[PDB]
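Read the single chain below, which is given as structure tokens and is the form deposited in one PDB entry.
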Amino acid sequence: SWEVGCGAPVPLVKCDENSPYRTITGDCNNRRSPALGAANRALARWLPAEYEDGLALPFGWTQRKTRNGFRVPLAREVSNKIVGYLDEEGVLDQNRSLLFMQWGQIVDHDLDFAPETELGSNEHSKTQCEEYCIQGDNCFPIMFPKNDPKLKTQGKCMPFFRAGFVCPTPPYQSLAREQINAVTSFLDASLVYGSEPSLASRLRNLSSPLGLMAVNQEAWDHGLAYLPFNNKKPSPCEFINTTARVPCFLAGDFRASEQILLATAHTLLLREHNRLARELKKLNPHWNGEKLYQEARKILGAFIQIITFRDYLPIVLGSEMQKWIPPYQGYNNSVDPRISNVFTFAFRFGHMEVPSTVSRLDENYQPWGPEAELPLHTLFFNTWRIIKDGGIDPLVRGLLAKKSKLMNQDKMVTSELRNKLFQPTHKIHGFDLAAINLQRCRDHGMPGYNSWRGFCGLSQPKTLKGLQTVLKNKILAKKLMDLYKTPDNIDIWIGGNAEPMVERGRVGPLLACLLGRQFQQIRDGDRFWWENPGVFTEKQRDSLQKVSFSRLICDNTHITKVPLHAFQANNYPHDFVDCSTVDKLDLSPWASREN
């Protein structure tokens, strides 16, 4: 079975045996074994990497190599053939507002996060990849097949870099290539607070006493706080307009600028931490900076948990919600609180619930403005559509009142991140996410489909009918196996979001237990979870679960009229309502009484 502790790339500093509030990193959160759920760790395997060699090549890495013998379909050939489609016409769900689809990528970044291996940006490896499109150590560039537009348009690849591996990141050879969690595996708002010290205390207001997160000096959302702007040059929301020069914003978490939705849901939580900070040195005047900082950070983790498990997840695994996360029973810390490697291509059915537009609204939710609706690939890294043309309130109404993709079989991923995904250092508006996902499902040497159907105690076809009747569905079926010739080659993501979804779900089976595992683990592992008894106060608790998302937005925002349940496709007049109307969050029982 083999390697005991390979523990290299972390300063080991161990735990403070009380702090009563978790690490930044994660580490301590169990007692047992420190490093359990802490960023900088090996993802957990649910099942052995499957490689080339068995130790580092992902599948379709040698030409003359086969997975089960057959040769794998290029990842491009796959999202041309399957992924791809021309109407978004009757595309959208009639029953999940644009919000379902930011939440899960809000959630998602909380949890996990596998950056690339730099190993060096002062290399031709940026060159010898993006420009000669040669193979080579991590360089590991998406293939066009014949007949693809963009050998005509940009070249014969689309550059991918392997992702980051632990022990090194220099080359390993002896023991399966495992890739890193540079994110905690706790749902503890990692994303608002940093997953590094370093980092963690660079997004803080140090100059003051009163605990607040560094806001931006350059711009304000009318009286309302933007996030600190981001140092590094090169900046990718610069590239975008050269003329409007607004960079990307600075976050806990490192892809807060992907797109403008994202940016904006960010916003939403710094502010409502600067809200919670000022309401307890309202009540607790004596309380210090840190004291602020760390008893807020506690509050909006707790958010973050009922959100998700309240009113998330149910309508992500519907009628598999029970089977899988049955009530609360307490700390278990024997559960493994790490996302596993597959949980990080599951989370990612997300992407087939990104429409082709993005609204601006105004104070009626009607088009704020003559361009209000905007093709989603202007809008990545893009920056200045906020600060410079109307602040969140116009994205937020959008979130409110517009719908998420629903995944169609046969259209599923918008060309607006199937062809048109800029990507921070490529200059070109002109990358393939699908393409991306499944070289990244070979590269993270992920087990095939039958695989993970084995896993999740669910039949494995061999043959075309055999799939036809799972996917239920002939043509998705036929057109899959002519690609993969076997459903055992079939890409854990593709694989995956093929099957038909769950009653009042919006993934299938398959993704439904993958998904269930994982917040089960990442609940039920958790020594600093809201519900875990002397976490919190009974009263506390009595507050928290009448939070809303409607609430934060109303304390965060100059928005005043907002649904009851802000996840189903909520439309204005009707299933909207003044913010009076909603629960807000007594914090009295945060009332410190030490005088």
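So that the term is clear: the rigid core is the largest set of C-alpha atoms that superpose within 1.5 Å between two forms. Numbering follows the first chain given and starts at 1. Compared with the form deposited in another entry:
- For the set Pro149, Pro170, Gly369, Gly136, a Cα shift of at least 2 angstroms between the two forms, after rigid core superposition, holds for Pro170 and for no other residue.
- Superposed on the core, the two forms differ at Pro9: its CA moves 2 Å or more between the two forms.
- Once both forms are fitted on their rigid core, the CA atom of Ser121 lies 2 Å or more apart between the two forms.
Switching forms now, from the form deposited in one PDB entry to the form deposited in another entry, please provide the structure.
Coming up is the bare chain, nothing alongside it.
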């Protein structure tokens, strides 16, 4: 009995099936299978779930149960031994801007979101978790190892809740636990517009028939727009500075205010849509609000698609790009468009690219005022620094002129993320992304490094010397063997990220294959892919080939000087050019006449 008969929490629609627009939910994209790619279903399983007890208990849950005859090291112990470092000197990517980093997280937020088990919407179960570090039900807390400096400062654990899983009420049969993807698997600017119909509506401007997105009515950035405020309380964005009392933004994606450079990007995108909608009203003043909304949403979609595949992926994948994503050959409805559970871990390589500080720059790209450079940790759930301290332009110049942190085998994830992450529920700049990422791998039934190495047709090291040969790093392989005893057991997040980077890319071989395959499928199985004939006209497509991120900024800021290639490393003024020399989106080909 093969079962496609579980996935409770979803909106149940009938498919127009001849509409020229994507659904919000991702439904109806695959006609033969309407729900493939849709939000609020299981992640795809590229390999079966590996659970302590075959069903649902993560490896590391039962302090007695081995993985392959070895105990699994504490998540915080792996973090401490291997992923931490002290010296931020020489850590920075010499040929990737902070924009490289920042686009990573935007693409990721469009593709996949695996929400923490709610249950508690005001709860004593969050008390039993945080204050009493009691493992049970959805509380799967990250216990501090011995010697841990947080032992003395915070308590015995970081609280951690398990990911949401399909059928909060299964089908009563007997299957492994499968995590939900709450966003649309397609690259469709869901993170701007929503993946759930009702939010997608609340985001829109329905007071006018101009198909705009809703903008803030209390604050402006020198005429340009801010996102509406998430008026839901209590606000983690109010909590980090109760004097300021500036809430988090409301976006197509829950996570839009997690950090100020993410909030900025979400601001840029919403602006381009209102701009797209406005230019489309001039050309076609007879178009209704819906047509306007959908036609811009359709362009904004292709924009993300173009930038991801043309500018970003080749510089992540390097020499492996062509091997995994050859020249497109048209919509293949036999291709699974769904994001894999393993992918949602493969893409977290972005965490080794976030640096320790963010900078605001003046119009000369010099330090904007006295507090120009800030530690990253001050900027989680920080909306007040935009709204009450310079707008988004000073942060955007930082995106162009500053660099991403390079992944380093000795310097993996900066202390701003490893020791001082803020979480929206909790009250302390005191959490560990690296430790969470590893707790999450086990939460989600991830098979091990050698499983995935094997899945990618790569050699699977079993000994010290083997692993030393794969990582080209005697010490790093040693620390791993001492923690995990067998490469077999190495959790996939540290596994893949521990590999040295392929020629001309910023991930190693196993990551390049996991990411390469996924992006290949997000393209080929997308009936609304921009290069898919009939989706756009041949001319609209000639038009779209000319978009850049440089332009998006030029049209949606008061920034005048930008680089051509916004993703490589750019120094001012040598690498900057006036906006007037940057190609525009010619919207002439979207003019629709009844004569």
